[PDB]
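Here you get one chain, nothing else, as structure tokens; it is the form deposited without the ligand.
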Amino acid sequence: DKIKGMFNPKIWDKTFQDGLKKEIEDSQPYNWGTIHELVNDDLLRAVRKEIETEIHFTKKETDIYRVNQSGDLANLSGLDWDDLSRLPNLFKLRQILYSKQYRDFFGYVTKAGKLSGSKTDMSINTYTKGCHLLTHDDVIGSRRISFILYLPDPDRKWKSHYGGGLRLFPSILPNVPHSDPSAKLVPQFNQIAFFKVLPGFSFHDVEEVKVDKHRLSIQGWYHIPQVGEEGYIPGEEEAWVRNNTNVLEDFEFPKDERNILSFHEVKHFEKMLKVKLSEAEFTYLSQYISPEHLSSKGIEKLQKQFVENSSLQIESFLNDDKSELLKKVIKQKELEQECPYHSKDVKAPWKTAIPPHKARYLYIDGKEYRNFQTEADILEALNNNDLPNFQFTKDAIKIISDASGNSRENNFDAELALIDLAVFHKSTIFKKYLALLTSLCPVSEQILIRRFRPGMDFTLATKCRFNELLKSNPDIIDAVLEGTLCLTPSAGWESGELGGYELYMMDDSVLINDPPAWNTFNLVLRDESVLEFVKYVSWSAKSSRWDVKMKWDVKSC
């Protein structure tokens, strides 16, 4: 048998098979399996040599991943699944993996039933330093089993600290994964990991490769049987596909929600734009803002940049005094304090953005403390909505910090200064200044303080959300005005490609691509078709990306 002999003889053993089936039944957080030394060692070694010689990999980055890919449409990589002339051992490998013998074994052990022999579906990738793939579930088309076979250097151990682990996520409830994974596989040469695609449950990611090493892998799927094949059921594939395509936005936090401003605030903006800030007001603004941006010609420049670009990208936004305070407290927190790296360890005043197939980061919203570990925790928040109060948040912090005891390890100097900044941007006078720059009258606000931790945190490309309560107001612009004050004290972002960049783009469609920097302020007027995200922050980053995020509904006045 020229097929069975290309695999480890153990997999053909009935006792081993039942042993594997049981392992998979008993696995967590959802059913998955692994086999060590799957394939004939010579075969896989020759496949790896073929790949190194014949295939050229191109790095590709999106919001969701960074991967060295080989699946370019025109087959410039050297990989063509219709013509493996230069890769005969790879041909052999595909053949054995989709053989009847292997499919019967694999379908039995995973309890997946029958599998297509003809619908071969494989891709070849390498992960180098900084490469990663963010949380997803693999539920696409006729995919029934997901697999990865790993081909790192066959003569060295691939270690935990190298990263690139495969990580699996428990679920708070269907289609809502918990933020933190509960299992991680560190995979060696000739190891395969796999699982039955479970819509709503099979959430996994690839942990960033943290080290200067190349990790080659062959990824693939087994599909529902096609016409003419064993186990083929007419209608099954279509039934499956449509049944895998609302209520879920309830489980997202923080909410993309703005609170309306008081009458006092709005009439101050209206009055001004029916152009003039008093000297007392400039004095209040100069507490925080750089004099460059408060001068008459400075303001005039900003105003005209906004008319032209419908955006501002301001450098050295905050004055020297406040810039120095903030840099000192943020730097001190980064270098001398420990940072929570699991959502259960996050304490007041911080919250974890959830769910992880949409985003992950730490934020201060000014709301009552919230730590979402169960459906119950979430349902409770939804029954008892509260609104931000920064001064109370500030108060609470002082209680905790003062007993405790205000040491270099546990102080809240960063948080306190950041909240004072948030308070300044919450002030009536600041919003008057905003209206001055933009000729737009703010009618609502949401202010968030954000930390994007190295090796954890990210958002994905999304649109703004309007409130349908304000949709019928004809004065209200069909746009959300969005501010980002970046306070990232570390370097190497652009050169090391460390991620953490703020990206705005149209449905070159790129409006802004800004690596994190110190004391910049971006202002973007977003219509419905503008996408924004901040790229996943690499483990190699020397600090978190810290910023203050601001969102306003506006009318023209």
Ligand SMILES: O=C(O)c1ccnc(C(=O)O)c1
The other form holds:
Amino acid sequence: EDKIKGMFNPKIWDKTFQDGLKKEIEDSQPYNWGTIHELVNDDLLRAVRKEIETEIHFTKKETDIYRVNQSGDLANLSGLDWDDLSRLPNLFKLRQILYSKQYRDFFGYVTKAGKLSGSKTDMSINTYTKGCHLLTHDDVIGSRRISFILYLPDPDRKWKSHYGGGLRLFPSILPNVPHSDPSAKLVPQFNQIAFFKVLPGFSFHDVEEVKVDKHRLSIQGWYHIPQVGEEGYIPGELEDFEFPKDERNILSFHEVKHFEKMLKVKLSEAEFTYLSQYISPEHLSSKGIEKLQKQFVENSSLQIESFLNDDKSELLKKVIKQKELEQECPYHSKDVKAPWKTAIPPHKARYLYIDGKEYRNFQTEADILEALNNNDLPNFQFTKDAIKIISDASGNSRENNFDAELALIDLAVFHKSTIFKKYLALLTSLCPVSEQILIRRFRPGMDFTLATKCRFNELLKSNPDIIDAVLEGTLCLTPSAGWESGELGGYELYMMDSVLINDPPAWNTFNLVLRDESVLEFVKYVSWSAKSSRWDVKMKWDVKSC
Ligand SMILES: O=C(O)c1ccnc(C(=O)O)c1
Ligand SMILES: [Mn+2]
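Output the form deposited with the ligand bound next; the form deposited without the ligand has already been displayed.
Shown next: the complete complex, the earlier chain at its head.
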């Protein structure tokens, strides 16, 4: 109990240091946080690092929100037992000093956090290697009160910014609506600690992907609200902001009656002619249709390869590749321009999309409230019109042309056609009654979605004819290679609340899934190492049985 203070940098016991740090935390941005360099006795932390590397077996784990080499999953033999640190005596001592009354008095003082539990120790040890990442979250769980991360990269080398693995903090547009882009990034060194009071609606942060073949070790922890009576402690002494909305617009009665009439291969020569403008002959034949029909009957899903015909395939591949190679992709939401929008908020998703609605760029609360007071509906031809006029002005250079947006919008218009929906009804024996179409681009090192269920149309819940499912299509147009292992991310994942579909990005594929209430779906974060964005067209429909 005497040697505890001496196991820290002596500056933290200095009144001048403490008061200075308290003020720095008070006045920090974008929410209250701070950092201390050279926190712990150097020999102790060096010994901890050596113990960890020697004694702990790390296991890669990937979910929608992270990829990390973990040690924490118990019931798996490699799982770290915090009740048995027999062989990690230095780690045992590190935990002891961090949760000591002496340190908690200091730390609670400078963070203005109030009392902190000494008995509720809560730490975990993780390494990040190339491709590892942890996407946006606020740490708000149970009795967590202060978050800290102590960093243990190689003590004899500087960790460089371009290595990645930075701790990024996100400012607040309004409570529970973090800005899509971070406003600060800490590049951590050995024996540096970062920390922040856990703040519902505000303490949003992530860990930037590690971009090089290095290992970075960290020890993440929390201080908790004390146990009742612990050291005297006495207890007590949003959908609206998501864009795009998971909402569909109902179809005209003309369309719905068309589909019913057909279901109660009744496609005309003229309709096949229209469908063959975009779709491969293989999938318009009597046999191809029969195969797809049976596959959907047996699986309630379809995974079609070479969906579009060669003409539209060649066109789209050219213009997408050209845009990838010769134009500057925006990498901040402020830089995104019509016809594109940024999906928000970043603790739910981040990607670029074209929805056909009037342009929005959400930098301020006022920008959001303006959109919510003035809801508008998609119109893809007007979006085309607007592009053409921006395009003519600048000139349509190799570096500014909208060739890819125009082709993609044309493709969206095809899927918006009454005849395509007739084809869809033919394949599925379902009658679409609503639609939402989005063109999406997932940039390397930025974009992703997280695991969510479909959103039923509330107004239609009482309708017996309408199936309790959402039909969802994905037309992938990703022309780059290297995705097959899933290691570059970008894979489309459908799973039950076991995996139904795990499809890395590929060129010219069409996935179709009839989702019941409990099916989860996401597109995994695209690695910085990916050779292009993931490009796709997303389609959703409410359906009734005929
Ligand atoms: O392990 C980390 O470095 C880390 C950083 C930020 N957040 C977490 C977390 O688990 O909340 C962990
Ligand atoms: Mn965290």
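Shifts are known only where both forms have a C-alpha. Numbering follows the first chain given and starts at 1. Only the largest set of C-alpha atoms that superpose within 1.5 Å between the two forms is called the rigid core.
When the two forms are superposed on their rigid core between these two forms, the C-alpha shift of 2 Å or more among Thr135, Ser77, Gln446, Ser179 belongs solely to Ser77. Relative to the superposed core, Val227 shifts its CA atom by 2 Å or more between these two forms.
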